[PDB]
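One chain comes next, on its own, written out as structure tokens in the form deposited without this ligand.
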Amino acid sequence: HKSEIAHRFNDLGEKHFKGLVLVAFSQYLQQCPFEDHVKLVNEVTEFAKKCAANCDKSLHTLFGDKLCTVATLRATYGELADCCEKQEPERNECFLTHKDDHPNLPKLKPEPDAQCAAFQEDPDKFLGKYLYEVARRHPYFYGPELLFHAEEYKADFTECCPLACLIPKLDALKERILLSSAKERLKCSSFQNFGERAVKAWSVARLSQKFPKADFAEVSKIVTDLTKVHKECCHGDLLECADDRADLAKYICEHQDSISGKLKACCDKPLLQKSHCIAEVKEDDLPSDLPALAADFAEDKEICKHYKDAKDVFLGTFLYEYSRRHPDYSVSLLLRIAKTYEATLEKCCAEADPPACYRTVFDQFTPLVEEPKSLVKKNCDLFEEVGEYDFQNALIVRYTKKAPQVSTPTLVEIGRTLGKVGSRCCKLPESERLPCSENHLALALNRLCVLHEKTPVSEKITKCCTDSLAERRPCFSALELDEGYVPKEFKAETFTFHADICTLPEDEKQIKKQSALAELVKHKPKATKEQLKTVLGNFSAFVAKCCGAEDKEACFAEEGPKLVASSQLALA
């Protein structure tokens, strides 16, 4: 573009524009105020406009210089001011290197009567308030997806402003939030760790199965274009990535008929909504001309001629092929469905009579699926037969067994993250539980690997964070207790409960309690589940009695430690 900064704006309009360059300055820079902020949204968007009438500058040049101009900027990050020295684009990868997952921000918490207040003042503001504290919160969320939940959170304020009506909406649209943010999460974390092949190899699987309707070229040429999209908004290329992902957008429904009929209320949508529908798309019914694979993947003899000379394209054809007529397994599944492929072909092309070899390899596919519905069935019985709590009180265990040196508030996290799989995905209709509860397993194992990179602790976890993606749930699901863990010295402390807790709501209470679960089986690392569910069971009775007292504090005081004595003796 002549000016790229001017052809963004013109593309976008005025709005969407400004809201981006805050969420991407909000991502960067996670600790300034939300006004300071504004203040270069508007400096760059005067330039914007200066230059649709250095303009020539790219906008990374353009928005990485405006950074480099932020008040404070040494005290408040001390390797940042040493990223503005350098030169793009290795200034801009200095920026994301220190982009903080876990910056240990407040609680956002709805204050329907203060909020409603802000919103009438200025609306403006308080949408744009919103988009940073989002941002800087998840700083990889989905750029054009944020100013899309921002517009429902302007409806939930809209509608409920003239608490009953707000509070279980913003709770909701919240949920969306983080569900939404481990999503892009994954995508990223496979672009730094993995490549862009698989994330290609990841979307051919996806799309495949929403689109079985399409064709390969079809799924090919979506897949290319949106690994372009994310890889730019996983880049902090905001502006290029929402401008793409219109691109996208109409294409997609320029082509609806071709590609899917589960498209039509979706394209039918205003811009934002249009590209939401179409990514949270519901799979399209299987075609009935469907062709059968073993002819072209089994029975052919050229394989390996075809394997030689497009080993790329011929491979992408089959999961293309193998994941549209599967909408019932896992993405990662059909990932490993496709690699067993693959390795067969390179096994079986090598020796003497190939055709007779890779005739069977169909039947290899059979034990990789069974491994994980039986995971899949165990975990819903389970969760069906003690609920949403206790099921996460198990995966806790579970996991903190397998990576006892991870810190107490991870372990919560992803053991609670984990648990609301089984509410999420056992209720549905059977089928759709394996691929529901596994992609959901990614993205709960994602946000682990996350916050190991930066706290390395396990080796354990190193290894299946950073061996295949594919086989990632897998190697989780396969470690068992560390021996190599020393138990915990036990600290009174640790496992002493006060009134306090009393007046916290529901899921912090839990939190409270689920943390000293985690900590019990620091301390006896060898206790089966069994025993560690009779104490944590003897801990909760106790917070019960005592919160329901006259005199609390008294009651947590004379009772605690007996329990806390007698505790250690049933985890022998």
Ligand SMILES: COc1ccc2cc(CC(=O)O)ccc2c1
The other form holds:
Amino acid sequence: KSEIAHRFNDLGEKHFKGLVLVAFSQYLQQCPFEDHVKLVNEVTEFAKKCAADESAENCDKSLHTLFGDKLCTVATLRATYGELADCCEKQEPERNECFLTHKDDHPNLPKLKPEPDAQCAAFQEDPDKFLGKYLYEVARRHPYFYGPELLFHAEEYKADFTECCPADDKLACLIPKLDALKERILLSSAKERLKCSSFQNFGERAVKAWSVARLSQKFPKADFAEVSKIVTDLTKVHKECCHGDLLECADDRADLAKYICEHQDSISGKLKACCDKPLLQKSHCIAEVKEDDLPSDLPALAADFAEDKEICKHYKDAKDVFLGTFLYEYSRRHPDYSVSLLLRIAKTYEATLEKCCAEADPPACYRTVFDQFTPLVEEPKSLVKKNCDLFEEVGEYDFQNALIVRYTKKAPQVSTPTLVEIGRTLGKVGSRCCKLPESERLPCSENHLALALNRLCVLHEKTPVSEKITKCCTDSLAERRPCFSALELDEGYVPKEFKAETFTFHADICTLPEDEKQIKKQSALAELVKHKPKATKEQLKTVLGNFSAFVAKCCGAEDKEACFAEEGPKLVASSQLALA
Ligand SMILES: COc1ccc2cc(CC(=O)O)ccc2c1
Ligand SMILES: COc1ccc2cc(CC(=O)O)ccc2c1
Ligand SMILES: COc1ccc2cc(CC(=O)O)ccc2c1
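Alt. form solved in complex with this ligand, vs. the form deposited without this ligand above:
Let us now look at the entire complex, which starts with that chain.
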């Protein structure tokens, strides 16, 4: 009868309000917190009014009709969001489809820096409003954040402020906790942006293929019927809150958590801890659940997928279904393979049957299909061993520096801030994955590379500069990392016009936090590669060493500004000659 009433009844007032605020904040990122709270209230009031008499007028209307109508009431819409105001002319589903399009993944809003004194005072005088502020702030900085996951992260936030506002030291309790949370948000955001990116660019079939591989790894003892059910239900959950249907998304995610936990004995022995937790905790715990031990009775696949004489017959009859089965079974027995590698192997299996089932005697052709996988497995293992050997040797900052040089040579047209952010994110992959048991290194590395490279691809949709990057981002989801790995310096690139002020440093740097200095120095490294792109990585390491030395020296000088002014131009001059 009335959908708005249905969701309000199910989710509760608090969660309904939470998700509705996120939804509004994600669509309208530049509008004030004052304004969003009033739409949140007005909509909520309508849901209560509808939940009372469902037969009331306008209550029959869809969430999209109602949420999109409310978005067109917002003061100064044409002035602030001209691009988004045109959509308000259109009917549904055209209008929401129009809204979704005009979202910003890099809205350049100020860095989210904690103030222990002022925030604790805001939390005390009204916690409900203080938590609302958090949802708003993070939502407009991550327009594709997993809605119910945000409500979960907003509880971690509240848990930190409840612990640290009465405490003796208000900074030393709160500063490293909110930095760890900001770290966790960046990762949750990254995973859920790859999901939405995969829908936008490659489609539902691609997201399903990815989910089959991942869940098969996480739940190896689950039947193919069970894994299919969960993938079907999970893919609909992600499709919904990637498309802004946060009320639908939240309801469906809770149902799937309820399902996985009712059937946990047939799915995995790792879910017992997750299933005895509250609703938001439960959903988060399952999503991040440890992989189940391999079953003793795991079947041999050679007979079914290489030896059997009617494989072509099976394959031809229903391709997507047969391929699903192979993906399911091969992923189950390889928790030591990345998802992208499993999708690569599946695409090589598909290719072998396409070829072999055109020839005179197929069985003799596809008998050795599994041996076509060995080179696909050794390539990534090489790149992980090589990058981890480099990381453990030189550390996060130099490894990051090695990667900024690698990717600035690949895509020198890409902005320095973008190259630096990607180099630094790729550097974290070394820190996170190289320390893990070497069996867990490959999956960790490639699954986090997918996040880092999807970031780069998202930034590159906004400001396209490179046809090589476009091709790597749009061609094939499974072949992305290999595609990016394959890029070399463009021999037809014109070296950056040397601008002296680009490499000019002042005393301002000396007061900066550690990482903020790194960013400034790493920004300079990128600008060096752009001006002298044929310079060896060993040349660049030397020159930036000299830059670091110079900065440390002048920050410790009596007259810091005089030191930068006298030393700086000499260093820049001789740096040009060292990079020949
Ligand atoms: C374990 O950490 C890493 C970090 C960056 C990597 C980059 C690549 C991709 C490339 O070759 O450019 C491959 C493995 C990596 C492993
Ligand atoms: C149903 O089985 C599959 C297996 C591998 C797949 C890989 C991709 C990835 C890509 O096409 O680049 C997409 C769908 C798949 C479906
Ligand atoms: C400051 O520029 C750097 C720093 C460290 C690096 C390490 C490597 C690793 C290597 O030298 O083989 C490569 C480039 C770098 C660039």
